[PDB]
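Here's a solo chain for you in structure tokens, the form solved without the partner chain.
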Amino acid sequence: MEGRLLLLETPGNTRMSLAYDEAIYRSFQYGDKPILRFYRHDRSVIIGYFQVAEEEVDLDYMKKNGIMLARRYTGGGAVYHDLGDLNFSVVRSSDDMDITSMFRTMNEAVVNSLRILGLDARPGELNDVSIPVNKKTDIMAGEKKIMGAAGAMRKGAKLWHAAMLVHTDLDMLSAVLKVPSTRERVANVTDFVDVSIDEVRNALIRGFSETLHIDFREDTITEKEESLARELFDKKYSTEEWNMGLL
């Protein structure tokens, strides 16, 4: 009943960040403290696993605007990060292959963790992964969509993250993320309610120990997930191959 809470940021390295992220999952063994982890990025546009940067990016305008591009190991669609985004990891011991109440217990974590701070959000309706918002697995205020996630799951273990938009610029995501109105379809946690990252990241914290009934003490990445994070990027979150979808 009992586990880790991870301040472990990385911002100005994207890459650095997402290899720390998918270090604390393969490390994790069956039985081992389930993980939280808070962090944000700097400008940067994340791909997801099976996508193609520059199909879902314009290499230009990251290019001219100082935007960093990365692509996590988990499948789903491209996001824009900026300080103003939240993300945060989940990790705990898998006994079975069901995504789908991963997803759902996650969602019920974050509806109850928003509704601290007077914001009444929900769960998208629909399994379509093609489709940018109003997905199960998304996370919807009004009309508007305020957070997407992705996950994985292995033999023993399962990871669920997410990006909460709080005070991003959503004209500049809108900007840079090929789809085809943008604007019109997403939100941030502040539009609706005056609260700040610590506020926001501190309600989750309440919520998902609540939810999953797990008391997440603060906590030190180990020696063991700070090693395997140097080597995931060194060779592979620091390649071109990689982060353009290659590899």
Given for the second form:
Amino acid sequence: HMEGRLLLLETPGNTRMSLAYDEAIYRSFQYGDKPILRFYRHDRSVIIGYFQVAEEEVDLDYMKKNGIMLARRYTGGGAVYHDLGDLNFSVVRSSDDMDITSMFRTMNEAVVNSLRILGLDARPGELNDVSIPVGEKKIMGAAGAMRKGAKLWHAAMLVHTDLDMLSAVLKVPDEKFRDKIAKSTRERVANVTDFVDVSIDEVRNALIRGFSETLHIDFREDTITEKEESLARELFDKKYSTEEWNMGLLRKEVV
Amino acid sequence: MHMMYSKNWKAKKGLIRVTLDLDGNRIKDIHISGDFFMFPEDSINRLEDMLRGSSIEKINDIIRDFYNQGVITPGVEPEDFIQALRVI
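Okay, that is the form solved without the partner chain; can I get the form solved in complex with the partner chain now?
Let us now look at the entire complex, which starts with that chain.
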């Protein structure tokens, strides 16, 4: 069991800054550093994948009316609604290969080992979700990134989210078939609190324990370094705080 | 003719959206977007640059080439960007 850093670091009122930290921490990781596990929450917002263009995916006017923040993340996937009822976590480790499918599969096993502590029979997961059998509802979605020396995996777990919002934010081909997808979503996703009575901090504590055991890492709480701090602010100032970025139009490195 | 279209395509994991701007038989512009993974990530820009402007006939040449430079596109096969990018 090697040493890792647990970062309990969040800016729920600023999802853009939250995603900046995620990229900073990924980007300044030198091969051989202590692996990192971050936990965090976002207030009402839609996060689109890297290859996504906001206007094609989500209803911008519904989002503005209801004060739902738009944000684009560094990784592919996947547009998703987040609120204070989603537990978000990311893991950054050293990498010596480019097998991203292994990473996805490993992290899924750690999620499963974590939900077993809570008495839940959780199941992967072709690649990037975890579900509870009922015939199965998705309770967690994931994405990630790799580069020479480092891999990033991050996921959002539905603990006590408003499941109705997942469909209310998406852009519908015709507004009549808003109902075929809404009733299909509710039948395919659930909260962890639908099955067990847990607070968000006990879900987290199970995750810390599951990830420590499965990854053979001893995660001790740590703070962000100055190096990770600056890079985050810079990434916010130059990239995450821009309309061009969040609308899905900026696809080049600006550091 | 001048022709512009927009197309979705469900792959095994993901959704490729394409917008093509066609001048006769030739690709004037292209924009690829949607729900997928691709490493390197800025390989998406290479794929658009390559198609712009070739001939809608020699698309597969470009797809198969692109992949032979070693691009990883989990749960999205090369014949998925073929279905996405095909009009007729």
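Positions refer to the first chain, counted from 1. In this text, rigid core is short for the largest set of C-alphas that superpose within 1.5 Å between two forms.
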Core-superposed between these two forms, the one of 84, 77, 124, 148 with a C-alpha shift of 2 Å or more is 124
